[PDB]
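Okay, here we've got a single chain as structure tokens, the form solved without N-phenyl-N'-pyridin-3-ylurea, with questions on binding and movement later.
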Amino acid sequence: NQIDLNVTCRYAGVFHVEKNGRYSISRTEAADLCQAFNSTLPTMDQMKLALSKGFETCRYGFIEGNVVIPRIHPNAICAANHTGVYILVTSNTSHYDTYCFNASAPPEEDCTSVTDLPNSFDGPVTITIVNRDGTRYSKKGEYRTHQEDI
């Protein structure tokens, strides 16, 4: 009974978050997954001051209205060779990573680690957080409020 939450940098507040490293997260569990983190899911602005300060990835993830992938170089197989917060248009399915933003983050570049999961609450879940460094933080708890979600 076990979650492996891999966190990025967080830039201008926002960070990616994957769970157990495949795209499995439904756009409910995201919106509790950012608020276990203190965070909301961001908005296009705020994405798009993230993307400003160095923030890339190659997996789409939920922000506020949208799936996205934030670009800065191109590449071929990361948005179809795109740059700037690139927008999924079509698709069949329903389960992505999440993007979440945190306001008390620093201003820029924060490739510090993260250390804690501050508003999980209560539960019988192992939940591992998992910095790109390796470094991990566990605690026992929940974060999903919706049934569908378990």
The other form holds:
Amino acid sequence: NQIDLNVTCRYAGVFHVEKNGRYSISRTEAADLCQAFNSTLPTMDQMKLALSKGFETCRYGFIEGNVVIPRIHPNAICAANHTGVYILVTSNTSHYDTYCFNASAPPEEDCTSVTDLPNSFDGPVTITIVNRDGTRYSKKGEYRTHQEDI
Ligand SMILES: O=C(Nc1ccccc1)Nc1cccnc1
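Could I see the form deposited with N-phenyl-N'-pyridin-3-ylurea bound next, after the form solved without N-phenyl-N'-pyridin-3-ylurea?
What follows is the entire complex, opening with the chain shown before.
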């Protein structure tokens, strides 16, 4: 009973979380997942500020109200070569990665690793935070509050 959560640098408190190496998070799960990091789904304004500080990914993820990809450098296989906060408009499907926003993180680029999951609750899952540099932090718990996400 294991969940891997790959996380990134934080940029103005915003970071990306990919679960189990696949698009696999629902909007309800995303809010619960960010809550386990004492975080919330970013607002568009928070995401735009993070982008301005150097944040980009090549993965769709929830923010508050939309599913987006922050892009700095045009890449044909990331958000159709767009720059800025690219907003997904048309999709059949409901599961993506998520972004999260931690107000207590540093104001600009924070590329230190994540070494805790401070607000997970008691539960049976081995949850492993996987940093981009491969460093890991694991703890037994749960973060999902909606049965349909389990
Ligand atoms: O904030 C964190 N831990 C913590 C919380 C309160 C007091 C002391 C430590 N971890 C974290 C979360 C989201 C992104 N990066 C790091």
